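This report concerns only the one structure given below.
Shown here is a partial selection of chains from the complex, left in place.
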Amino acid sequence: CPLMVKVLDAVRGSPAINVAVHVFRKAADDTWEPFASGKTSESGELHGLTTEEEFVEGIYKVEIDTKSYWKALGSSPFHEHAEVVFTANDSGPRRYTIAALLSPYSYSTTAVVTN
Amino acid sequence: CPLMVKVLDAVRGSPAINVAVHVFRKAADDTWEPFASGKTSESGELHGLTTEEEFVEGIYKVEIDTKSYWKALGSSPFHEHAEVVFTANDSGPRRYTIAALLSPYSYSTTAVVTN
């Protein structure tokens, strides 16, 4: 499992459960082509997205699409979408973990690359 | 000024200077149309991107080109850029400030929305 995604909720202090996550890979014409996707588990994780053979070097984008996730106050609803764009590089560690922390008007993301 | 961007560098503890910023607006056909762009000043701020008349209701994408910034400082960053998608002026005209905090393998973006 070369690519793992973990989503957390900064308002509730818990994993972000059952949230849709999409991964795209950039094509020669600069178009974003679907690569893998799924919904986070009860631990806020998404495993089995891809395989070592399929996850080659290139530019990828991880989009997190929350829907009716906050269900709370919010004058001027932001409808925020985390959009994490990175380059997969073979010259570094092989395992990638993309973590995202969500709030109504903010988000933070970190990459943990290991072997 | 209805749309401003401020960027900070967490490694050097300073404003992020001369960072390129691109703003897009989603079109009817679902494609991203260029809206405005510029570069941060010595204070890490970018003003004058648009006007009240031009900044209509819609879905916007703010892309901060962090890879170029880190590389210009001799670092090898993980992300291509720091990006956030949101809906603006859906409850009437508002002033938006997108504040970003950058590190080589992590970043955060927050929106300050006022009347």
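Chains: A and B, in written order; residue numbering restarts at 1 for each.
Everything that follows uses one rule, which is that a contact is a pair of C-beta atoms (placed from the backbone, for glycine too) under 8 Å apart; a residue touches a chain by one contact, two chains touch by 3 or more.
A.B. asks: Number of identical chains in the whole complex, 2 of which are shown?
C.D. replies: 4
Quick note on the criterion: only the chains that are shown with their structure count from here on.
A.B. asks: Once subunit A is fitted to subunit B on CA atoms, what angle does the rotation have, in steps of 5 degrees?
C.D. replies: That pair's rotation angle lands at 180 degrees.
A.B. asks: What is the distance in Å between the mean C-alpha positions of subunit A and subunit B?
C.D. replies: Chain centroid spacing, subunit A to subunit B, equals 20 Å.
A.B. asks: State the interface residues of subunit A toward subunit B in the complex, per the touch definition above.
C.D. replies: 59, 75-87, 103, 105-113
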